Amino acid sequence: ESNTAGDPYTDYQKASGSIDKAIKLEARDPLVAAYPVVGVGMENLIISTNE
Amino acid sequence: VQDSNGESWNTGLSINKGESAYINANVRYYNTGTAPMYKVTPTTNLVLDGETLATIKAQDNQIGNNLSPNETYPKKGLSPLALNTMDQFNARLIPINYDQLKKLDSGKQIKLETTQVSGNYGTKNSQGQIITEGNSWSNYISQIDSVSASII
Amino acid sequence: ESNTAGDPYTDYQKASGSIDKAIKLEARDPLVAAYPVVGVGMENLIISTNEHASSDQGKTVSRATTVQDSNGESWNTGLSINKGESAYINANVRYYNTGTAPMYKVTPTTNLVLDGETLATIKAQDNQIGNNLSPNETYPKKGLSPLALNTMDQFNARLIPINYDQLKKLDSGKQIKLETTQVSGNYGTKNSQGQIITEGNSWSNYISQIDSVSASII
Amino acid sequence: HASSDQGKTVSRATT
Ligand SMILES: [Ca+2]
Ligand SMILES: [Ca+2]
Numbered sequence: 262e263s264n265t266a267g268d269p270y271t272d273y274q275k276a277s278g279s280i281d282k283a284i285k286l287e288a289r290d291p292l293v294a295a296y297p298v299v300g301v302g303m304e305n306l307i308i309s310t311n312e
Numbered sequence: 366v367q368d369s370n371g372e373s374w375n376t377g378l379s380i381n382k383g384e385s386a387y388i389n390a391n392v393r394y395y396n397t398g399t400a401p402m403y404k405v406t407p408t409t410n411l412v413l414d415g416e417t418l419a420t421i422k423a424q425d426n427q428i429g430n431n432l433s434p435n436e437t438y439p440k441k442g443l444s445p446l447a448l449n450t451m452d453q454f455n456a457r458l459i460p461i462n463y464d465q466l467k468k469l470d471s472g473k474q475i476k477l478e479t480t481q482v483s484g485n486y487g488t489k490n491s492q493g494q495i496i497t498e499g500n501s502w503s504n505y506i507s508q509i510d511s512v513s514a515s516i517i
Numbered sequence: 262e263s264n265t266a267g268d269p270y271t272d273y274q275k276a277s278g279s280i281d282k283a284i285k286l287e288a289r290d291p292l293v294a295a296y297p298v299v300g301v302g303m304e305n306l307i308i309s310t311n312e313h314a315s316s317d318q319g320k321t322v323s324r325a326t327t366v367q368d369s370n371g372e373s374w375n376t377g378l379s380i381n382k383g384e385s386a387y388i389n390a391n392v393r394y395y396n397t398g399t400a401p402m403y404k405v406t407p408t409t410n411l412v413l414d415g416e417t418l419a420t421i422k423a424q425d426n427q428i429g430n431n432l433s434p435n436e437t438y439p440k441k442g443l444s445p446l447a448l449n450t451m452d453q454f455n456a457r458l459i460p461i462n463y464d465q466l467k468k469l470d471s472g473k474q475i476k477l478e479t480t481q482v483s484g485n486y487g488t489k490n491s492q493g494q495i496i497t498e499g500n501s502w503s504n505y506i507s508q509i510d511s512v513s514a515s516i517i
Numbered sequence: 313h314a315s316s317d318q319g320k321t322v323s324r325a326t327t
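In the order they appear, the protein sequences are chains A, B, C and D.
In this text, residue positions in the first sequence follow the deposited numbering: the first is 262, and each later residue adds one.
In this text, residue positions in the second sequence follow the deposited numbering: the first is 366, and each later residue adds one.
All letters in the third sequence, in the order written, are residues 262 to 327, 366 to 517 by the deposited numbering.
In this text, residue positions in the fourth sequence follow the deposited numbering: the first is 313, and each later residue adds one.
In short, the hints are calculated from the structure, not lab data.
We put the beta carbon where it would ideally sit given N, CA and C, even for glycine.
It is possible that part of the hints are untrue.
Stated by the list, open to error - The calculated DSSO-like cross-link candidates involving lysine-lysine, where the alpha carbons are at most 30 Å apart (straight line), are:
| no. | chain 1 | residue 1 | chain 2 | residue 2 |
| --- | --- | --- | --- | --- |
| 1 | C | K473 | B | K473 |
| 2 | B | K476 | C | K285 |
| 3 | B | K473 | A | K285 |
Unchecked claim - Example chain B residues on the side facing chain C (calculated, C-beta under 7 Å, incomplete):
| no. | residue |
| --- | --- |
| 4 | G377 |
| 5 | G383 |
| 6 | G472 |
| 7 | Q481 |
| 8 | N485 |
| 9 | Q492 |
| 10 | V512 |
| 11 | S513 |
To be verified - Over 10 Å on every C-beta distance to chain B, these chain C residues come out as not near it, computed from the model:
| no. | residue |
| --- | --- |
| 12 | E262 |
| 13 | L292 |
| 14 | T397 |
| 15 | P401 |
| 16 | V512 |
One chain only, chain A, in its complex shape:
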């Protein structure tokens, strides 16, 4: 398998670090996937009553 973890980067690109430099150190192990988990959080909510 060239991409062991299933992410866009191969085993060599991850081990050798020749990828994006914002990827966490953790994710340069071929077994740990480089993978973002993004979520949204609402702060407040405003109602424009259009009479």
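Assemble the complex: chain A is given as a structure, and chains B, C and D with the ligands must be docked to it using the hints.
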């Protein structure tokens, strides 16, 4: 003969019962992974008392260019985004009808929930230039979630 | 045949497993087709009747000398309605997959049928597209609230209207049914460099070829 | 486009 000197003053108020109010949510994005996301495009449901009022995809005003792991968009010391519109071109505001407005004027809250997020990854092309355009993260979400074990 | 089953993947690609890793196990047999079966299901339906209601008050004073005086009041209440766009419809849907392959960029088309007549055929635009639909799962996922099929426009700016007769009969036992007439979506293939690409890879180019050369087993 | 309306009125007149 006769004379008359009258005065008058009137006050009126109208309302549309299909678009009785406009909704504006203030949001912030969060990354808790090991990779940064470029061109972050979330999709969110706005749920009020069982019913989903609107499913909104983040358009050009609400997209975040970079989102590194363990950080937010906007950054920590900024105010949250405004999720104003439902249109592809940021020209159409999010409406709610008369019953949803009447119950919103009570203890009822509107909850938000992220159904998915879009975004790109970066790769170095022929010359040493990082490209993050055709590099959708969605082509790998199923392939990663299927071959893996999840640890939080 | 290089593609015995009629799916986008050859015999060697399926047998050896060098394809998408979300493809179900059985679908890596050359005879079983890698093929998703996506359907839509409605959860509830909301009606925004768009009347226009008006209130008004008023005072008035008056004097009249040949002597006289007068102090009148008023308060009025009106209500108007359009009969071609008497209400707006909002359906809450959720997509399902019961196939052996994931669908990327799931774009369904649904009829909204009310007492014999189809009110609208809606194609899922940018707000209502699901990026991933892996087999035996839903969009949105199990623990989320359903989508809002809110608009009928290519740009998500035009709401779904119903006229006065459809609204009047909808204020009765009449229900609006939803039915999926088709679903479109992409599949993934590894390109020259090992990047998965799911853009020109439409699933509709193989639905007829698969449905013709196959036997169906539910 | 169908429209309805109601209305009341009170009045007093003193010579
Ligand atoms: Ca390897
Ligand atoms: Ca063959």
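Hints, verified against the model:
Taking the CA atoms of C/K473 and B/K473, the gap is near 29 Å; set against the 30 Å cutoff, the hint holds. A C-alpha spacing of about 35 Å is found between B/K476 and C/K285, which places the hinted pair above 30 Å, so the restraint is violated. This hinted pair does not check out: B/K473 and A/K285 have alpha carbons roughly 41 Å apart, beyond 30 Å. Against a cut-off of 7 Å between C-beta atoms, the interface hint on B/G377 holds, since the closest Cβ of chain C lies about 4 Å away.
At its closest, the beta carbon of B/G383 sits 3 Å from a beta carbon of chain C; the interface hint therefore holds under the 7 Å criterion. Annotation: interface hint on B/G472 violated; nearest CB of chain C at approximately 19 Å, more than 7 Å. At a threshold of 7 Å, the smallest CB-CB gap from B/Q481 to chain C is about 5 Å, leaving the interface hint in force. The beta carbon of B/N485 comes no nearer than 12 Å to any beta carbon in chain C, farther than 7 Å, and the hint placing it at the interface is violated.
Among the interface hints, the one on B/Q492 is violated; its C-beta lies about 14 Å from the nearest C-beta in chain C, farther than the 7 Å criterion. Among the interface hints, the one on B/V512 holds; its C-beta lies about 5 Å from the nearest C-beta in chain C, closer than the 7 Å criterion. The interface hint given for B/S513 is violated, since its Cβ lies 10 Å from the closest Cβ of chain C, which is over the 7 Å cut-off. For C/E262, the shortest C-beta to C-beta distance to chain B comes to about 27 Å, beyond the 10 Å cut-off, and the non-interface label holds.
The Cβ of C/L292 sits about 22 Å from the closest Cβ of chain B, beyond the 10 Å cut-off, so the non-interface label holds. For C/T397, the non-interface assignment is confirmed: its Cβ lies about 16 Å from the closest Cβ of chain B, beyond the 10 Å cut-off. A Cβ of chain B approaches the Cβ of C/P401 within 10 Å, the least distance being about 5 Å, so the stated non-interface status is violated. No beta-carbon of chain B comes within 10 Å of the beta-carbon of C/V512; the shortest separation is about 26 Å.
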